[PDB]
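There is one chain below, alone, in structure tokens, taken in the form solved without the partner chain.
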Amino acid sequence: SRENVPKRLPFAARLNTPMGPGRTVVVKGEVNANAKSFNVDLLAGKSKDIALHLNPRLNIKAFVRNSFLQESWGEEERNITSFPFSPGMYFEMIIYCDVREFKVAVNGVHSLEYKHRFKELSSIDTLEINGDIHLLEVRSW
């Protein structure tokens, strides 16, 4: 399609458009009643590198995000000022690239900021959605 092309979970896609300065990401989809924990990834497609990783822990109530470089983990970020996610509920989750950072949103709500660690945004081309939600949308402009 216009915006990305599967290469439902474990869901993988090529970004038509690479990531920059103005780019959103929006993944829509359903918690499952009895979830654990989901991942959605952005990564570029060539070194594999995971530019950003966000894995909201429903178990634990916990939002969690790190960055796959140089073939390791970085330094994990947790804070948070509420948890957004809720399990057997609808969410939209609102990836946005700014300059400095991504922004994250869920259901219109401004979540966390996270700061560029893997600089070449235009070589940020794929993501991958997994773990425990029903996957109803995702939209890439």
The other form holds:
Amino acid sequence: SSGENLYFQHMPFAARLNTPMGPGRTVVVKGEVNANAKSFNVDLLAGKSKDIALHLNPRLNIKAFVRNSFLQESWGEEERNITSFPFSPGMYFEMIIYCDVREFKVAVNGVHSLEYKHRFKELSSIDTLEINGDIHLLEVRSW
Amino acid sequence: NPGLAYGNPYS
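Following the display of the form solved without the partner chain, present the structure of the form solved in complex with the partner chain.
Below is the entire complex, every chain and molecule, led by the chain shown above.
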């Protein structure tokens, strides 16, 4: 359920989205990064094929925000360009993923952070959200 | 209300 209270939810967390991806869809992840975090990930997957359409992977040790896709059982070429690394240990964060026609747009704490051109093209097959790593998850919502 | 402390730049 969108708006379910995830305060005590163990990582990894996995959820079927009620409405899958498509133009106009929005998913928000609210949580806190552990003060002793090394990394975490938020993935959007196609539940049947288990392809990962969008892999979002903040790595705290090197301050890199890694994005990739796992298609046909292989990781693609990573995207790492950032204006700034928008996470910090111990911080509350809000990450918003908006699905546009040609790309995802991802915002952190209310500020646009990056675009990710769709590699997995069949958007409405993207029906699953998985989250894992060194965070306290508070809530996920989608609309 | 989506309960966004930082707002939504895509709205």
